[PDB]
Amino acid sequence: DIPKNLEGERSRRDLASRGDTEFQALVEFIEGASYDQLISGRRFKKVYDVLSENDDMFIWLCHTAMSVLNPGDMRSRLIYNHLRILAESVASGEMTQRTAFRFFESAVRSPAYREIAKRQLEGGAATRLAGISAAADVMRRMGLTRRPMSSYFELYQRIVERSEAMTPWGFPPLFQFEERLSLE
Amino acid sequence: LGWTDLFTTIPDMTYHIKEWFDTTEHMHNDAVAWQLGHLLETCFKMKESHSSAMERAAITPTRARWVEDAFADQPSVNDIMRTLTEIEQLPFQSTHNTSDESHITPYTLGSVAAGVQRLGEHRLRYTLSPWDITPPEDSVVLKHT
Amino acid sequence: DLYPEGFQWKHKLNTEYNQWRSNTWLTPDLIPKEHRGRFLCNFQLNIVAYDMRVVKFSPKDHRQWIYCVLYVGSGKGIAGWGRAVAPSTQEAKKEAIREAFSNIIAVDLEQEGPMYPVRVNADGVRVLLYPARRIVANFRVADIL
Amino acid sequence: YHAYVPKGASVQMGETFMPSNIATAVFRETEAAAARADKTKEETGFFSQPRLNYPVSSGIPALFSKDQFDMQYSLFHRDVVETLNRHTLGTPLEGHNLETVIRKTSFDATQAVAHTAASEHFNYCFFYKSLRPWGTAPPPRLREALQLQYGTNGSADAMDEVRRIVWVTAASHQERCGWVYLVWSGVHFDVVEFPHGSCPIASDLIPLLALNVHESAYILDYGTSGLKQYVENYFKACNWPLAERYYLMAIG
Amino acid sequence: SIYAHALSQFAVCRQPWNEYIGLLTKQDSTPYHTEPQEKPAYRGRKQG
Amino acid sequence: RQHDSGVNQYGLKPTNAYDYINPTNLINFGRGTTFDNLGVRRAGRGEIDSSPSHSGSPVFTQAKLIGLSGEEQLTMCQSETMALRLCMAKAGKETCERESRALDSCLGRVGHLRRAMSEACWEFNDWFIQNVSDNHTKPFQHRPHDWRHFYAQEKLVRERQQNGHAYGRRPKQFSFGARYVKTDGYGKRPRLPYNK
Amino acid sequence: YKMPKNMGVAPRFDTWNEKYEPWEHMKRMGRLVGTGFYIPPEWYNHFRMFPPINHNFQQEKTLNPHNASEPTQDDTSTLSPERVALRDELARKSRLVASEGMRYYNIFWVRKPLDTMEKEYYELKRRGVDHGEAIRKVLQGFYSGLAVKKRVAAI
Ligand SMILES: [Mg+2]
Ligand SMILES: [Mg+2]
Ligand SMILES: [Mg+2]
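Protein chains in written order, with the deposited numbering: chain DL, 63 to 246; chain Cv, 486 to 630; chain CE, 98 to 242; chain Cq, 9 to 260; chain CR, 7 to 54; chain Cm, 20 to 215; chain Cb, 9 to 163.
Treat the hints with caution; some may be incorrect.
[As the list claims (entries may be wrong)] Calculated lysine to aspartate or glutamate pairs in the DMTMM-like style (CA-CA distance at most 20 Å, straight line):
1. Cb:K127 / Cq:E51
2. Cv:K503 / Cb:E78
3. Cb:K157 / Cq:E102
4. Cq:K47 / Cb:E131
5. Cv:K532 / DL:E177
6. CE:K153 / Cm:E116
7. CE:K130 / DL:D63
8. Cq:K47 / Cb:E128
9. Cb:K13 / Cm:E116
10. Cm:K32 / DL:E177
11. Cb:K127 / Cq:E50
12. DL:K180 / Cb:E78
13. Cb:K145 / Cb:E128
14. Cq:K49 / CR:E25
By construction, these hints were calculated from the structure, which means they are not laboratory data.
Excised from the complex, chain DL in its bound form:
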């Protein structure tokens, strides 16, 4: 896994003519149904890995939508820009998910925040719609996915599956994100 470097004309030519890799992987898997080949678990693995290339990015976003009580109003340009920037920094590996999340909750919102929160929330849990429309919006306006819908679908799906789980929206602090020991 040595990431190539950008180089002189041939590498840029090869960036240009590149085309869609996600569709190519799929073609190459499917083509195992051709009479002269078999159906390959490796071709499928490569398919899978290109479908899930972002993956964990979505995962991160889930946490920002569902794992935070009262993350302010998520429509306002301010908190929105916080979210945007941190997302673009989870993608492209500039930050750890843990660091980006701890950034997000500790980001600056508004003076006397709790005391303004007493004017809206009882037990301090806001409504989650603004959060999801925001977190889909970011992935759309950031160029995160090749095909537009995938952002919204994945983010939605991953939430709906967790909805059925015992104590769904809380997480152990150590297993929630990247740490030395992890879950299977």
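Once you've looked at the hints, dock chains Cv, CE, Cq, CR, Cm and Cb with the ligands against the given chain DL.
This is chains Cv, CE, Cq, CR, Cm and Cb with the ligands only, laid out in the frame that chain DL set:
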């Protein structure tokens, strides 16, 4: 009257101002403009917590009407005085005598039970309640407990 | 200025700036993702020590793994250090190098040396970093500084 | 400043023609306006009147005076919405689409209030969305579909024929309480008349154009007998390309 | 005070903000209130 | 990237100085081990080192909980079988399939009930592993010497009562008949240890 | 001597947070960029002017559970126990009153009966009506309103 623009109901605003400006960063007047401005917009300018019923007002609209009938455009205090004198003589049935909500001056105790208890420290309670002071019609021979 | 602007010029890509000014562009595997196009600088490499640890994979199987400690530095104010346990010598070298780029630290050189004594202990190793008229230190510590 | 100016009034230039008296009267009105704004803010229910896509501060051209339209918008309709809100809260219908209120209260008494109100709200909405202020010329594809059905051997005869049939259907509704629609059955066009408290969605048609045949609609202007003139004008002011794109979406 | 008395009739009480802000329509409200369960605490360096 | 942050190319990534000196620990534990099975120090399930832990001592009783396969185990139908046994023992003239039908109806349900419980319990094993278990990371609480500090606190007390003197000392045991076999002048009851 | 199995890889239960804390990366990246020899990542270009919150500290360094560390993640009932008793009791006497505003999801831009009724409860109390009577009176108010409504419905 637009004397001032800013109003708040938040407890101990002073602390919050302090610690908000602690998290704030640069000194360039753009940064300053925004930080101050954001503070103002979020607390001191009235949106979503507010109502006209709820702000404290002496001149609430009938009072305004009365005032401008009394003191508006009168070129001395004497004019004002015979104007008033002429107004206090109006009956209760006249069209031009208008009522209004009057703000009740609050009592000390606030309830009658409080009145009794307050009264009762200037007094000597009886060892026995009134219904049993008077002896039984039967005779209760007192033993040791 | 706590959080200085730094280098903003976008007229080339990060990868082209990096390519031109840094030797690091030649070794894209030795650098972690967050630092990839980010350096404008040349880094010296210093391999402090090589060593051999046995690694038992089973009660029969025994492998010979080696152990590298090195530190990357550039006299321009940026260093970092790393160590690794790998199968080959080349492996532990490359490993420890991308480990040392993960841990990179910087120093503000406005002051050219610490202005107060820093007393701090690494595990079991008690270290004193204090202001001097010049650089005094053990040879190795000296050119780490 | 837009937020601070009350709902009705316009923000304009000082000509300094103001005596002090009316200058004070204005501030009084503004004070009361703030008061009634504060109470309307809490009286707000789930459903709400639609924002109008076109300025009605003057009338809707060739059709309505300011007062006619505004007597629809800010009197009858706003009322219908009050009722709808009052009866969709405290019931299983709280906080669903306009639809699933229209659709699950259909065809029955004892929800009759809710259904009437809901379908009314819709009819009005779709009515406003059906009027384009200076009127449009009906687009080629819709003209073609309409020709295949109504057209008898004449050029775009379908248009005068449809705008005739609508008049006919309107006059054939005696109550003067209700709605005339141009709708798509899913296999063909036709012009229907719905009584007050019924909508094309309850009958599962797909609506293209709405016309308001309530007497309240034409009474301030065309009088009691003026319905023909009214409809004729509505076609000067109606919105065709809407009906068209809805039609094409229905088809696929 | 001997005489503020004239002032006292058109005098103004101070408005009820505490319960007004209590009774503001809230977006966390619940038909029946439930108290949160108890949160995880820090039991010391060995326990986490 | 493609996989975990705490596991590199060759095995677990060695952060503390214990791993640079003892790098067996990087890749080995137990028999159940795979290369993806590092960083998850728990291995698969039904597998060697799959067991979840609770305050460090692993959980090996799971079935015993839901009352499948336990000596104390949950019993579905009793009244049935006792009724049928009663009938069987009473007499041989009349025969009852009237009871046996009730009973095997009962069992017929019991099957799906059990599959249900087993299923739910596996869900519990998973939930537990996510949100409770420490994965054998924290010190045992379940043996008395692990609580030594606690006991010490009480030894301290019994000492300060003794004028801050005899630590861990206790009253000398006496005799079965201690009180009633001893003449005047000798202690008939065991004293505080400082009071010897 | 037997130990718990994974103690070799056991994380430091006090300090394992430090590494990831936002301020840390702010400072480090701060003096890294300062060199001139590093290209700032864009997150730093951003949080440069909105540095994170000051006084949120973890529960590891501060040993208190009661400390509400986070302005964001906080949960404390704004409801004082008296209020709890009151609106809870109101809602147990009638489910219609409880359900009204929120049947499915909370519709939060509409006024709700539970609140209105609490308001006129206190209203009654300060006119000296006692507890029980005020409660049955407010409830009667709601019920007679509802009576009007469903009479119209039938008509
Ligand atoms: Mg073992
Ligand atoms: Mg031993
Ligand atoms: Mg062992």
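Against the structure, the hints:
Using a Cα cut-off of 20 Å, the hinted pair Cb:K127 and Cq:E51 holds, with the two alpha carbons roughly 16 Å apart. Between Cv:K503 and Cb:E78 the alpha-carbon distance is near 18 Å, which keeps this suggested pair within the 20 Å criterion. Of the supplied pair hints, the one linking Cb:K157 and Cq:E102 holds, its CA atoms being roughly 15 Å apart against a limit of 20 Å. Annotation: proposed proximity of Cq:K47 to Cb:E131 holds, straight-line Cα distance about 19 Å (limit 20 Å).
Of the supplied pair hints, the one linking Cv:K532 and DL:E177 holds, its CA atoms being roughly 15 Å apart against a limit of 20 Å. Restraint check: the Cα-Cα separation between CE:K153 and Cm:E116 comes to about 67 Å, which exceeds 20 Å; the hinted pair is violated. About 12 Å separates the Cα atoms of CE:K130 and DL:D63, which keeps this hinted pair within 20 Å; it holds. A C-alpha spacing of about 17 Å is found between Cq:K47 and Cb:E128, which places the hinted pair at or below 20 Å, so the restraint holds.
Restraint check for Cb:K13 and Cm:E116: the C-alpha separation of about 56 Å exceeds 20 Å, so the hint is violated. For the suggested pair Cm:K32 and DL:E177, the alpha carbons sit about 45 Å apart, so the restraint of at most 20 Å is broken. Among the hinted pairs, Cb:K127 with Cq:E50 is consistent with the structure: their alpha-carbon atoms are about 14 Å apart, no more than 20 Å. Between DL:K180 and Cb:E78 the alpha-carbon distance is near 15 Å, which keeps this suggested pair within the 20 Å criterion.
Distance hint between Cb:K145 and Cb:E128 is fulfilled; the C-alpha atoms sit about 10 Å from each other, no more than 20 Å. Restraint check: the Cα-Cα separation between Cq:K49 and CR:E25 comes to about 19 Å, which is no more than 20 Å; the hinted pair holds.
Going through the hint list in order, the structure does not satisfy hints 6, 9, 10.
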